[PDB]
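Visitor: The chain contents come next:
Number of protein chains: 2
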Amino acid sequence: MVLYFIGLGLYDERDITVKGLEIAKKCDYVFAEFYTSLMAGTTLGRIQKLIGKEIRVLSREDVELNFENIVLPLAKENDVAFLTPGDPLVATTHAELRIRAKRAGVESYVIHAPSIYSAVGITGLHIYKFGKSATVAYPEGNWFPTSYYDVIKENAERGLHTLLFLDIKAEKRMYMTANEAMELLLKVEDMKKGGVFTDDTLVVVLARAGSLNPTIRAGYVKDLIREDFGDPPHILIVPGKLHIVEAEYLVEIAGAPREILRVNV
Amino acid sequence: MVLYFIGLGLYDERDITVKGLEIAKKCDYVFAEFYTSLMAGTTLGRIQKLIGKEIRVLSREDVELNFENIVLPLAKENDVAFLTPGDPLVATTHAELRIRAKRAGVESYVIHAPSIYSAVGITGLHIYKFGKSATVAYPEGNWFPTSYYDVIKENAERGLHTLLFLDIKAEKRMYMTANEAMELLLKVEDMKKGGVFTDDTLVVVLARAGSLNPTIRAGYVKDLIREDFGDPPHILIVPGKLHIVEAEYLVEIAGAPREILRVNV
Ligand SMILES: Nc1ncnc2c1ncn2[C@@H]1O[C@H](CSCC[C@H](N)C(=O)O)[C@@H](O)[C@H]1O
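Quick note, the sequences are listed as chains B and Z, same order.
Yeah, the first sequence ends on 265 if you go by this note's numbering, and it's all consecutive.
Yeah, the second sequence ends on 530 if you go by this note's numbering, and it's all consecutive.
Each hint should be verified, as a subset may be incorrect.
[Said to hold, decoys possible] Output of the computed footprint for chain Z on chain B, the stretches with three or more beta carbons under 8 Å from beta carbons of chain Z:
| hint | stretch |
| --- | --- |
| 1 | 93-107 |
| 2 | 246-258 |
[Said to hold, decoys possible] In silico negatives: residues of chain B with every beta carbon more than 12 Å from chain Z:
| hint | residue |
| --- | --- |
| 3 | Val57 |
| 4 | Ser59 |
| 5 | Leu72 |
| 6 | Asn142 |
| 7 | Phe144 |
| 8 | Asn179 |
| 9 | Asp199 |
| 10 | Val221 |
None of these hints come from the bench; they were simulated from the model.
Cβ atoms here follow ideal geometry from the backbone N, Cα and C, with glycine treated the same way.
Turn these sequences into a full structure, and let the hints steer you where they fit.
Guide: See below:
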């Protein structure tokens, strides 16, 4: 009669909360999805071992098209857990699943966990200053999405920071790197000429948030575009005007140039 | 040798991540602050019991004025942890404490935890649509804060949602309710008259996020301003233009008026 949406957190199998782990252990059935994002610092086997339960992985179609046929039936007469990377319901499509639960006569509860949306606070940038968020998607065929460029423009215009989620081919386990993201943005700039993202733009890269050793780097595009930020996942941030306290953190903690103190404050 | 900033999560002691617990358990000294937020479902004793260490609570003055005199000295010869509600670097000024650690020759690490900033996903509103955030501060003396009103206006103009952190007076044990926040906004509206926040404005309230049964309610101010949302902490949200799926969730899960389903595109 109960469905639990449990977040797995940021990077490895220990990023789940104590509450989530204990609840998952008591569930009769445990499902999971790894298409909204991945858990780069662990494996399905390591998560299964920690939970002590067999974990049935569901694809995007399994969830979007057949959630009520695969998960809800068992949730009708048993305690069922649905695991997702990060914090449940941050991914736009998750919320709706709670409605399906209601219509199936199944109760649902949400067990939160850290999300990159909030973890970016480790960059030293004030969370309240983050504006609208966006995703940089790989272009392909004759399709070249550029909406994320406009998000940056509108946020920076109001002195706000822009969080850019980078594309990921979950099934193929291919992660877009911050370098690839910067290359694309310069390419979009060259096409839109809005002076939004250039070699002189200050950016912040956060890699492997959740790990005890994430890479946090800040600097101008011209200097970071070919820097090695380590293994995925990577997140790119284009900050707006900085509070001096933000700038000092970037310099002291993220190795940013002293120049940002006079150019971006 | 090291200093750990470990988040405790949204509501109770089990909201800490497994990573944070295992690390805290092995630290020599454990400090904490409980003035940046309110964990309404636990107590110091329960947290102490879970971690198996005596937790020394620090006041805002202890931290802001003497963090380097109380915490850092020990971190030079021991493994020290600093616990905080939610995520240690979200809507707090704790990030700057990492600079003090550095300048003191102390390596610091951050362990994230569920944050109210991302937990808002449970309201059904798309996280990427949230714009700048703000804090509704208690007026004091002849000083009546109003900056949060302009944040809502700017976000609403762009079709973005606004997350409003509500004030807290930890030592005085005062936790601002959504009702009180709504009252203050109506007053600011009377002054500025920007038509930003009125009796007809649609709002969303989230109370005690993190608990298994948080209060999630959506409706018009005139109808919710006197409603009982349960014990604090509370958060208030002023949605921008809604996607149909957001409206459906607000109606099905947050009990909003069915008329909002009819979106004005
Ligand atoms: N569990 C909860 N439920 C509802 N609101 C919460 C909450 N936790 C925090 N808040 C809101 O956020 C304010 C504190 S600001 C600090 C937030 C904390 N660092 C975090 O990451 O969660 C509270 O006064 C309240 O307005």
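Visitor: Work down the list of hints and note, for each, if the structure agrees.
Guide: Hint check results:
For the stretch 93-107 of chain B, the assignment as covered by chain Z holds, since 6 residues bring a beta-carbon within under 8 Å of that chain's beta-carbons and 3 suffice. Counting residues of the stretch 246-258 of chain B whose CB falls under 8 Å from any CB of chain Z gives 4; the rule of at least 3 is met. Interface exclusion of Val57/B from chain Z stands, the closest Cβ pair being 21 Å apart, more than 12 Å. The claim that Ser59/B lies off the interface holds: its Cβ sits roughly 21 Å from the closest Cβ of chain Z, which is beyond the 12 Å cut-off.
Every beta carbon of chain Z lies more than 12 Å from that of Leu72/B, the smallest distance being close to 15 Å; the non-interface claim holds. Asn142/B, annotated as away from the interface, keeps every beta carbon of chain Z farther than 12 Å; the closest lies near 26 Å. Remark: the non-interface label on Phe144/B is consistent with the geometry, its nearest Cβ contact in chain Z lying 20 Å away (cut-off 12 Å). A cut-off of 12 Å between C-beta atoms confirms that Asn179/B is not in contact with chain Z; the least separation is 23 Å.
With a minimum CB-CB distance of about 27 Å to chain Z, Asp199/B clears the 12 Å threshold, and the non-interface call stands. No beta-carbon of chain Z comes within 12 Å of the beta-carbon of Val221/B; the shortest separation is about 23 Å.
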